[PDB]
Amino acid sequence: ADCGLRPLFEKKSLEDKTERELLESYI
Amino acid sequence: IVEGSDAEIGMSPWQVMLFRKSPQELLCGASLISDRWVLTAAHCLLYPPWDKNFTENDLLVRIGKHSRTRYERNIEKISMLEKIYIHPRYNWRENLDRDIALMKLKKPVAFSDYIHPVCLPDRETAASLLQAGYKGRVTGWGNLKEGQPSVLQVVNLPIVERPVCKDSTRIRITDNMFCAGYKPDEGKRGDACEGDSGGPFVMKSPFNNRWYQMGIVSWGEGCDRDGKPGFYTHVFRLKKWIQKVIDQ
Ligand SMILES: *[C@@H]1O[C@H](CO)[C@@H](O)[C@H](O)[C@H]1NC(C)=O
Numbered sequence: 334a335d336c337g338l339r340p341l342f343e344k345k346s347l348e349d350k351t352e353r354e355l356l357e358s359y360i
Numbered sequence: 364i365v366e367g368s369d370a371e372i373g374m375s376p377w378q379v380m381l382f383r384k385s386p387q388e389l390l391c392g393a394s395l396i397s398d399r400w401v402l403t404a405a406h407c408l409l410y411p412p413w414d415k416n417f418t419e420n421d422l423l424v425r426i427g428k429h430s431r432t433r434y435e436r437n438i439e440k441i442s443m444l445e446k447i448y449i450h451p452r453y454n455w456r457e458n459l460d461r462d463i464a465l466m467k468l469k470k471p472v473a474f475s476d477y478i479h480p481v482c483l484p485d486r487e488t489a490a491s492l493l494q495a496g497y498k499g500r501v502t503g504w505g506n507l508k509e518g519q520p521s522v523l524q525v526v527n528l529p530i531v532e533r534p535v536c537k538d539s540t541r542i543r544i545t546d547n548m549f550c551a552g553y554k555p556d557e558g559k560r561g562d563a564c565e566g567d568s569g570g571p572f573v574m575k576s577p578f579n580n581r582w583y584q585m586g587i588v589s590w591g592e593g594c595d596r597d598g599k600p601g602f603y604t605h606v607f608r609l610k611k612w613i614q615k616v617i618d619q
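Those protein sequence lines, which keep their order, are chains A and B.
If you read the first sequence in the UniProt record's numbering, its first letter stands for residue 334, the second for the next number, and so on.
The second sequence maps to residues 364 to 509, 518 to 619 in the UniProt record's numbering.
Please note that the accuracy of each hint is not assured.
[As the list claims (entries may be wrong)] Taking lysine-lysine pairs in the DSSO-like style, the calculated list, with each CA pair at most 30 angstroms apart, reads:
#1 B:415 with A:344
#2 A:350 with B:615
#3 A:344 with B:467
#4 A:345 with B:470
#5 A:350 with B:469
Derived by calculation from the structure, the hints in this document are not laboratory data.
Next up, chain A with everything else stripped away, as it sits in the complex:
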């Protein structure tokens, strides 16, 4: 149920410093 959702990021609606780079790459 809970995999891949980080307690200190996704679960808190916070984003890490470089995940934008990953998501923007998905053309």
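We have chain A already, so just place chain B with the ligand on it with the hints.
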């Protein structure tokens, strides 16, 4: 990791460190996929040319770590291993095809803010995200230069076109591997290194916001690949073996 940056606290809560017990030494990265299962590379446990053939009792894992050295009281957790499983078709002499292993913890680890499992890829995630140009993420405490980091390092790396992957090496690559890394042209040259081997190559699904482990960092020696991309075990292709080991 070479040319990465400092990870934030809890940024990679599925990161696992594999150690030799005696003499104590960091061997390989690994990943937490449930409360009692850890995924790593087979070559991390079994590599005959270097007289490497570890049993459960030779090893330990540390989970929830951020600093390489500092003991992180009430945060980091240590576990012994109940059983090791190496893919029966792991090819250590030629091309490291099916470079994958599972390790069962002696006792389940408690999840926390700092310890949390990564998702295994499903078909839709594999089909849509594993494409040339798309970036994944590697984390580890491997070497820093072609020396060692104080905190967990992170780098993002683009998946490379398969014909380029094939031309980057003289050994026969298989569909069970993929390669990632920046072009020998301008830009960056972040990479995974020796020590980061066995760790996760993760991608975030824009569909459901979850992190999926798409690859396992395969072979590396130092931080020098001679400008060539690193190879990764294709986790989704090996998913039925993983399930067979974990279920029944
Ligand atoms: C690893 O060691 C065990 C005995 O501890 C042995 O059964 C096995 O053949 C070894 N694996 C090799 C040499 O690949």
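A quick look at each hint next to the structure:
no. : hint             : verdict
1   : B:415 with A:344 : 41 angstroms, violated
2   : A:350 with B:615 : 37 angstroms, violated
3   : A:344 with B:467 : 27 angstroms, holds
4   : A:345 with B:470 : 29 angstroms, holds
5   : A:350 with B:469 : 35 angstroms, violated
Checked against the numbered hints listed earlier, the structure breaks hints 1, 2, 5; every other hint is satisfied.
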